[PDB]
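Only one chain is shown below, in structure tokens, and it's the form deposited without ligand DMA.
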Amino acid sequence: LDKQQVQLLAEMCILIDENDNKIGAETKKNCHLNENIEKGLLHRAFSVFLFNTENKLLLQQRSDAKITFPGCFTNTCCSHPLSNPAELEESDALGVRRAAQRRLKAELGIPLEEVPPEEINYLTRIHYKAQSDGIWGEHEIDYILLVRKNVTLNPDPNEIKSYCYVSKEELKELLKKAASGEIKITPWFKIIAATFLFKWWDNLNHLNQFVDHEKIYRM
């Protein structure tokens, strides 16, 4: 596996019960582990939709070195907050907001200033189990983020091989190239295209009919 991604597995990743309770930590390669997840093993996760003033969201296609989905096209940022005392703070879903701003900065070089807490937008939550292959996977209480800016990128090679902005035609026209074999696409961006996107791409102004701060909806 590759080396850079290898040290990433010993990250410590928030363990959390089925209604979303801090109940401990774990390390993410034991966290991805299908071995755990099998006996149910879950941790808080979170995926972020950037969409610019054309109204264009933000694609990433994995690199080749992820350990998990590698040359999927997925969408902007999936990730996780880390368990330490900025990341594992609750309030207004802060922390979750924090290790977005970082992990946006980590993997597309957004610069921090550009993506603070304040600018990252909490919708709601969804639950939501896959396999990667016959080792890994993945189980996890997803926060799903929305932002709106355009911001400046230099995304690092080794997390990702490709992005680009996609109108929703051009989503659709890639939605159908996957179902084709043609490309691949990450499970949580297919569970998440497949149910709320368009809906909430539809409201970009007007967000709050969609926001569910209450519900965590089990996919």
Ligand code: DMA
Second form
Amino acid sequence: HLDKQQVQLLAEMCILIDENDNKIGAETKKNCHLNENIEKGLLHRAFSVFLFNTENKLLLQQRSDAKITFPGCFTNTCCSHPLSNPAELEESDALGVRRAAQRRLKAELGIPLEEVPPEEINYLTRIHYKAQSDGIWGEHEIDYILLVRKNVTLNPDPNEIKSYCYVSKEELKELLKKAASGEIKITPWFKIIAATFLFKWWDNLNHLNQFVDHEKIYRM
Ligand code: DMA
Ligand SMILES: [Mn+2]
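Next up, the form deposited with ligand DMA bound, please; the one we just looked at was the form deposited without ligand DMA.
Now the complete complex, all chains and molecules, led by this one.
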């Protein structure tokens, strides 16, 4: 009964990890997102991209109604998972995750691979969180937060997103208030980052060295 193309993506192989983000196996995206498996501890690696343009506006997307988890929710630029293959399993300088981010930026938003090569993708820190989308589907990940600063071109896949918009800080606040009123919905990872680190980073977009932490995994 769910969207066919999204169903086909449920077969992708995700990277299973222990609570310290050490790789321990691989499992399908479907199984990694079933609350029944999450309830037993199944945890996978993921990433969340926050992309800002020269005007310092953050690029948001509204997930399409076809997404199996949190459909129609407003959220940050891109969120997905590195796959269990040689290229994206690469742990050196989080290269696997940055390659996966480049791949999904192209697949979801239509950003050319060349505009967002790994060297343009800055890995800030990791956050561990768990949530439920519905009675059946949910999330449980150690999420690599990645930041991109560039004036990209876009050509999104409507199967992935039903809308996108660059927002200023004040515009994001009006957005968050509309979410608090149940007017609109936002994803759990965006809610967590927005309530903790987002605005701090946004103020130091030029000096995010003091905001990089590759040692600690923040437990949210
Ligand atoms: C980090 C995280 C929450 C991955 C979720 O990805 P998504 O549902 O936005 O897209 P997909 O799961 O289809 O790659
Ligand atoms: Mn996930």
